[PDB]
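Take a look at this single chain, the form solved without the partner chain, given in structure tokens.
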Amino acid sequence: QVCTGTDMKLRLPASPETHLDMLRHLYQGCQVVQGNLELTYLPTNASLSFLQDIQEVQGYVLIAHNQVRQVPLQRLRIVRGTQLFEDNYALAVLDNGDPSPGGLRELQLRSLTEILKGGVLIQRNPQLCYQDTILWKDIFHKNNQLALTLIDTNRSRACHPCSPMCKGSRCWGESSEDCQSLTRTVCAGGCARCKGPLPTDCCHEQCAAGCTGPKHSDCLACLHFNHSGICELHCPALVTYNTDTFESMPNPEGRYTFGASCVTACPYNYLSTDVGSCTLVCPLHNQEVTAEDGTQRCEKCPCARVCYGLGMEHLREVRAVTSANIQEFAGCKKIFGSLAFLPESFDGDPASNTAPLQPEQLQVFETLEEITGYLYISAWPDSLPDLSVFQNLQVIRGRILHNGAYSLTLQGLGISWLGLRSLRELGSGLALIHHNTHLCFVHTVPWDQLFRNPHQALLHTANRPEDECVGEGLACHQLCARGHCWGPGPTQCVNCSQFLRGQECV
């Protein structure tokens, strides 16, 4: 039911050939989208029959550079706009048409009736109608501060006007079913949302987007959190305090706040806190901890020095690992952040006077065993056939994913194979390996055993054909169980067919 979103924006997919597949994996069977629902750079043919289940988007809905005419987001009731496109808009619809004409024609957001924070930006798309027919301030929440709306009607077609059955001639479509239902501006008592004109028809104070009845069970969407079908303001805390002394005792009614729903325990690859929350980055003056059975938590901390990757501390704005900053990972056995290798890395920049990065400097990462964020590689030294410097890397969490989708990204590399012999799991997100001319031993890795949730998979294309690998004799050594291996020889096997010999198999 609940699924991660994305964070690409106007940035253009490197593998258009698999781009749609990623979205299907992300949004198939998904009712609530944690983070942003980004739909970008789709063709006319494209079937989006997976988006039909989507109901909430805690992020910001972006529909940009799409030659499709239909985007079925009928069931979408609420956009919380926790994050905003350009920090100002909760819904952005940009450049959908131009070089049967192509482009978005109807928005058909017939169930959207709530935008808690953030405005609406619609511009640059000719086929679109029913963009100025909608009363946006009824969908905008009462306390919503960001109530900005910049819309562009500039078109190249005629708009068949709303059904006469659409009160106020306010509609998403010509159809009788696409009439905009109001649930704020037409209420009395002043109560934010209602299902009728009288105050006795007001929705409970803890509902959002409307309701079917007075009580808090009846809400179309909960404004704050969902307490097993009820909408509470906070979830029940895990701690109760002795009336007299204030001795913290755990109460059995306690629930962690994941997204906008109270949960007994967090989902996988998510951190439980003493503050009664599920999160991906731990609060300040806090350290990450592992449990008896691997369960990662978050204890308060004197707090130990630790290795920050990209998207953390000073490496928040840093684009990728470079010669100027490669030295920091010295001895790091775990980087708290993302590792992103770019052409500019090994090429260097003379305008900053950051020299090139030599292939021996990558030796540093021999120590490194876990990455909280993600590993992205669109560059490498052609010197190296494989990823040996990351032979030690046991797990990529992907708590921060690249473009919000991909844990592991390998594109445009002159390398023979991988060799991540230690890589036993990928915590969250999808694997994007493409346009790697020489890459073999790809179908040899059992990626079905590196993934943890079904929204995950590997997306490969423009590699070296396995037909060629087998033909040039590049396959798994006979001492690698079920021929699962990361590269050539017994120095790569996953499970050894017979007993160890340290590095090598025998």
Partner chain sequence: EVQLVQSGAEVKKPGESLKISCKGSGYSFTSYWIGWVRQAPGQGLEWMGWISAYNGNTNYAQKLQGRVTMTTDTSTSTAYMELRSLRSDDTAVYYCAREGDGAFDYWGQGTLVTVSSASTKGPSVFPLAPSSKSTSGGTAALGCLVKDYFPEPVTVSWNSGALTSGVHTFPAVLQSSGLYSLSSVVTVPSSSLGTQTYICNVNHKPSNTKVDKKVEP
Second form
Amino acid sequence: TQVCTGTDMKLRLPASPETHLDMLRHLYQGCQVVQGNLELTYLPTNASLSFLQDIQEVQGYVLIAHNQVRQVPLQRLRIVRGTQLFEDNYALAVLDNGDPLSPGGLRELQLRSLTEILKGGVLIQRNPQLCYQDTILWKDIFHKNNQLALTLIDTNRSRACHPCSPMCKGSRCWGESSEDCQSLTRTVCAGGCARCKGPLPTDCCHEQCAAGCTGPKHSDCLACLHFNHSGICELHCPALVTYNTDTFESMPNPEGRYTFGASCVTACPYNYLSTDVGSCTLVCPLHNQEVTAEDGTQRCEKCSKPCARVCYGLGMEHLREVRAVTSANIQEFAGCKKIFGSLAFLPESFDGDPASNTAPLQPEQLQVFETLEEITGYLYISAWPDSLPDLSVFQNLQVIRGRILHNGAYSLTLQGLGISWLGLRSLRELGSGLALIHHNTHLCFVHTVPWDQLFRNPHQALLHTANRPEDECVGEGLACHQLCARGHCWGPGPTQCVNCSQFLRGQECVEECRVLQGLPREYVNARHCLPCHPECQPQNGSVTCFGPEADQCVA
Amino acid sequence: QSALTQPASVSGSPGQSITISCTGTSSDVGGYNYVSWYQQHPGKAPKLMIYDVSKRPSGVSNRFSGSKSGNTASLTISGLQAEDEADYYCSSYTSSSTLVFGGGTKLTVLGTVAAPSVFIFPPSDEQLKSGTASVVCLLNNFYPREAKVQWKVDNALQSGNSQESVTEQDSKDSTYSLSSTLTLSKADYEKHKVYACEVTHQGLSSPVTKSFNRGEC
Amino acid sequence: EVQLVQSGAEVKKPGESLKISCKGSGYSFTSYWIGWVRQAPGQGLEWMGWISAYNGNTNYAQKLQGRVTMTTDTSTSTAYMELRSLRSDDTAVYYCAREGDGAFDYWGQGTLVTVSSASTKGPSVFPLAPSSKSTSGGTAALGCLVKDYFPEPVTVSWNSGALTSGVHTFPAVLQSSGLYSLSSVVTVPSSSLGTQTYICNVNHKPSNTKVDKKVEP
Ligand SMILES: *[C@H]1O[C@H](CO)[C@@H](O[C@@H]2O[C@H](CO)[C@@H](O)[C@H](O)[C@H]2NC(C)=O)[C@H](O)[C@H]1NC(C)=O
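Switching conditions: you have the form solved without the partner chain, so give me the form solved in complex with the partner chain.
So here's everything in the complex, that chain up top.
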């Protein structure tokens, strides 16, 4: 598309190596800008990375580590912003891309468009076949105002380097090609100006540019240093509302814009909440609370008294340090319809934690979540009590928003479990991110969930492996109850359909309601089947009801 | 295309010491710093010293030190440790992605201007029978690189037939030998009786002679 | 260790095509570039080109263009210089070497490729002889002789190599009869000689005529 979100796995090892690259391809496939962290680790020696090839910006840092591919095709990456930084120092880290037990290893960074690095430094280390890194004039890459220009490059090798291309002026190259010559854009400019495309003052870049320029104007930039608001680079985006100089009453500003990453945006993108000031967020500002229009979206707005308290999940005010959901906190979810944060259930949880005398969580305390219907951050389940065949305690969960993703990528994660089906019946949407369901031996009924319906953005997919094989499910009989419209269920039975192509008596499908026959006697409304009065018509006559009380049941 | 220039020339005196030169254009050494030097002893591969302009592989002697403003190109040897005589080669990288070598220069150290020992040979009653009778002279130990040979085929100053090669400057005692003999098929040997070789080298006390005769014992 | 091992020497007629091989070992073969340089008899080094043993990319000489082709074969760790339409004068030593920073740090042994129009004829083994008639006052000289042969080289060892003392041999020279000659004298005592065994191994593997020729008083 245009923008994608990065990941935040750091150096931690891919739970599903067999889906790991397949993950990456999904996230970055069409992607030109990654709001987040470009993290490429653990990639196996013969591994197509052609999808990486459209990326120009990386809003935070870039981490290439523990790989064996020999190329990582980011020729087009042009500026990193180092919003966030690896080990809090580095906007670009390549570590340990070697061999551990026609050699393996990255041979040339080839970062041949990389002229801008706004914040953070460069750490390159332990890369056996890596050539030309010490050819590079790093201070030309680092921005002027870049506070963190410290740099930590290793040169130990186990192979040797051809010369740079004859076209290399000064022989500094990202690789053996002419294409890889380090373009200089900061140290060679006329006057003190921070970027330029040539030695003449006439070549100096507009002060709002970042990586270079095709010209003198703030329309001629390679990347904006602040905000791209159309063809033009500016320091900030037009405000949302202009005031009346006497009254000081807000007036809707016709040419006003929101800010999303480093762009001046007309309207906030799908899963982000818009805001009073003019910013797009994943978390509201200090003194606000979430709104919703009939228009399906959400906004932040300020509140009437110091705000009505709400449930905070893990990764949040108060639980932001806690790894897992556990007996010591299970109570804190007493009857919440919506959790700001995430829930994760680890081995840690259901096993004890004698390290600080905290008790093993019981399969029945989990029922606190039966009222639960919205999760803003992700759901992550990795242990789960053998007793329970499913995730029914979340059978009223209706949206996982993804605003905070596990390891930067996964809104839904079920792994190493013992469950036999899923039972998230009312789960109609995963707001952002991808599902990873892997290594659950007994898991049937995955195939039935119409996962395409839950997803919102096309960088989204289910990644599954090492589950019970569908063949072994269709075979051993387990399948969608015939009353489940279009064949989609979350498990065995008529309780578990995603849609009912007949009626709904409670949480169950029924081919007909009791308006003709049938004992505890009944009536029909919005495809449902509601009971009539404890004493209305006991008859065998025609259409014997119409309603709940003795108000409307014709006697 | 399109060789760099050096002189074949350096000379110099044991102890220390002089420098070779390269040099070549903006497009080659005057534009690249991939400029390397090689020490070739006779009839061996080249030895690699030194690279990038100024840097030494392991084992390479201190005070091998190339550097300098392009378009040159300047290897330097400093103590003339005795046996450093070799042909010497500069090479550079090129705006055409090509390696290019200089013409080479022959380093050659000084020392005692020594005087030759001159034995006198025939070829053999094995040699004569094929229609060949070469009258022979070697030039054992001396300096510098020219003296005057003058065969004596019964006193005739013949010219042409007086063949010539030259060994490398002797690696332990800084001297030259030199190949001097005589083309003599079985046609041109018979009516001459006395055969002397006079080696008029500036290092002896005067022109010295030592003699072989045709049919003694 | 690091080894670059090349083909045995070659002899080719004008119009034919040469094809030397270079097998590298003990270092990761794909990791480095390999280059080819040649040395025409007693002359300058001449870079021919280089190969990427990782990706197969090649730069060539601009004088050899049309006529060269280098290749590698990863499976067997070998590089293949190939010179077609040989016409003289390509006669040279032909090294292949392992390329560092524009510069070669490990060579092959060499590969004499000889291109002349003429066919193969052997040497002329002759013992020059020394008694007191050949005494320079306490030290002697003697050595066999080599004349009118083809092609190179002509190993002249001395007493199974078990006397590397005073042995002083000459460059082959092209005569007026088209085939080379030289000498091979051993500086040894006329303190000793004859009495001592001065056997010269006058090989000519081009003729395969291993010749033992002992020289005595
Ligand atoms: C910001 O301005 C617009 C975004 O709407 C971008 O215009 C496109 O960007 C590139 C080249 O400029 C190409 O995709 C298109 O040719 C442009 N117009 C389109 C998308 O039709 C522009 O790239 C952005 N500028 C910067 C510096 O980020």
